[PDB]
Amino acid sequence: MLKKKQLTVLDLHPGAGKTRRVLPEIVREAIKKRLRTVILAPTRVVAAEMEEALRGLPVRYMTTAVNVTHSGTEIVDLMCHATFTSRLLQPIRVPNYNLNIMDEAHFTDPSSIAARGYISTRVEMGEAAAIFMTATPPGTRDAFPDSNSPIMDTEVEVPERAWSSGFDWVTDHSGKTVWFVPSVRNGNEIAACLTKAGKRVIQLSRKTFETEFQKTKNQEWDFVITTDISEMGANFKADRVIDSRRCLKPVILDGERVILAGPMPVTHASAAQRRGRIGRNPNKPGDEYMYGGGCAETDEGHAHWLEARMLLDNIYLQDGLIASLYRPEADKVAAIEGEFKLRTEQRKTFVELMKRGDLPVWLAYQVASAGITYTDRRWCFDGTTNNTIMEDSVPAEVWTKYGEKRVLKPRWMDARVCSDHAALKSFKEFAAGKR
């Protein structure tokens, strides 16, 4: 696999050992061949597991989630997928890695898709080798793949709201359950219902993931309510997965706004990754997978693929060339390569709006391509009346950096900046000039 001009897809089923057994063997051989290597982790939780499995080996951890001594002579770097794309974007020298190992190479976040594109172009150009590790490579149509122990699969009506009757099977279970909901707001409602019935619930989402995941190991729990974030290597000591089979999809309507369409069916890869949380211990057969709907290829027309093209168009590769998206997923977006390329100053603003401002890729591009500087928040208030953001059924209000009380009405409307209470809180701080 380590030979140049080769992209290997390590499509071993969930729980085969692609991090504890396979990853250390690859690292040993790369170190032996003097190959400059990058290991890409989907999350900081997965990067911490990798440190444990690669202990002793000379690896430079470019993550604060690891507290180890660095010798200074390490030719293998380890960082998250977003950290990799971020460094490609910033005016920082990134080594020309000979070997590129991406773990959970199915991750659909804009920065993961952009890293797959950039790396796969280098491999296609004959400049490097790559190993994409995932049980569900792009294109998979199997929602029920092989597992370490048998799984009982049940098509059942899964609740998406609080319930009084009709779902005795949910609460009459003794084991621990991982329940995949389509959104934070939907998880809050089910969690309240379970808590009221006497259950201990932990809630996981992209923002609370590193902090809350530790509670799954430090305290007794009956249920873990999670969004699609737990599809990227989250390991649980559970015996049941309840899968609504639904998700929200960010969609660009008319090219002027982003809405959160759905809930709608998850792809076959998401259903297999969600089911993949259980059936992992061959000494405990009979884990349950209760699923509440079917699968469809809903990644077509999803904003993340357009956003990945916005990132790649602003990453230098070779003079006037631009990295293509990884071939099995290049059709999920109708885009022109280079159409999102920004000039040096607008590109710096774009990067700062995503990195410091914490705005979604699409929103940062709208603002940066309009000639607006990072600290100028006038656009958060000069939009049309239908762009008014609502909180508690009343227009959301902030005090501007000028000390004036205004209604939040952004020039560009992205549903993700007000999807939950936490998102709107951070966006109110942004519009106020707080970061």
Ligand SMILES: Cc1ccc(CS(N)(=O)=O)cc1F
The other form holds:
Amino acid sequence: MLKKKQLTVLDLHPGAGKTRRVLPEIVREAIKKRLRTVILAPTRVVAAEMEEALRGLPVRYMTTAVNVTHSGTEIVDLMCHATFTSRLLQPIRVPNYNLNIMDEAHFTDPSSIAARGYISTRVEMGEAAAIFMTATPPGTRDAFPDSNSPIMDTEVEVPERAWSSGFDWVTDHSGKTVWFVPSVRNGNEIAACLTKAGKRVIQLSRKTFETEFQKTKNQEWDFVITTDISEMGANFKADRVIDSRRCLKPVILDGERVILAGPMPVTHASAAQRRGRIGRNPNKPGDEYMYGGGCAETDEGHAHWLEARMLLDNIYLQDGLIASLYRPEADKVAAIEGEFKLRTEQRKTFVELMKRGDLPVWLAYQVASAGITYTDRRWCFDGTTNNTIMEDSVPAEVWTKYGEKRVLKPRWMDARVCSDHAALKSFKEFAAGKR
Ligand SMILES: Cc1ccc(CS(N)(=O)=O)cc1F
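The form solved without this ligand done, now the form solved in complex with this ligand:
Okay, now the whole complex, with that chain kicking things off.
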């Protein structure tokens, strides 16, 4: 694996021990061969679990999620996928790592796709090696891979709303259930229904994941209600997955706006990762996978691949060259390599709108490419009437940094800034100049 110009896909089935058994072997070999190595974890939760798997090996944990005193001598770095892409974008020295290891390399967030495109391009240039660790590499067509113990797969109608009758099998279960929902809002409704039926429910989503995931260890629970974030190496002591088989797809319409289309079917990779949460204990056969729809390749035309091109266009590689997407996922977008390359000051604004602004990549790009500066929030209020953001079925209002009450009406509408109460809260704070 460790020879230059090599990219290896380590595609052992879910729970085969890629993280706890194979990764420490790779890291030991890399240290023996004096390869400057990066390990990319999808989440702070996984970074902390990797520290346990690698404990004693000289690894620099480039995250506050890990409480360790470093030697200062480590040649192996661990950081999040997003941190890798972030440091590449910023005026910060990123070592030209000899060996690039991506764990949960199926992750479809824009910064993960961008990281794969950067790494795979360095490998194609002959500059580096890489190992992509995932049961479900891009384009996989198998939603039912092998497991540590047999799984009972059942196609069944799964509720996506509160129910009064017709789903007794959901609440009649005496074990622990992980339930994949298409959105935070849909999980909120199902969670309230289960809570009303006497169930103990934990909800996970991207924004809440580190805090709330700890509750799955610290308290007794009957259901975890989660979005697709729990596809990225989140482990549960559960005996059932309920899978809507549905997700939201951000879609750019007419180059002008982003909508959250669907819900619609997940990919085969996503379905296999959702299922893969159970069947993991070779001593506990008969874990259950209840699935409520088919799979489809909904990654095609998904905004994350275009957003990944916006990130890669603004990462220095060599002179004017630009990193390509990882070949197996490169057809998911129709973009011209370099079309999103910004001049120095607009690139800095783009980065800050993502990093401090917490804006979606697409929206950060519209603002930065318009020549607007980071603190100039006039664009949050001067859009078309149809870009009016609603709160409780009336136009949302903020006090501008000038002290004027104004309707939230962004010049560019990205549905991700108001897809749930927390997102809208954060975007109101942005529009008000509060960060
Ligand atoms: C040991 C260590 C901790 C944190 C960071 C900051 S980062 N890379 O998360 O932006 C760097 C480090 F070198």
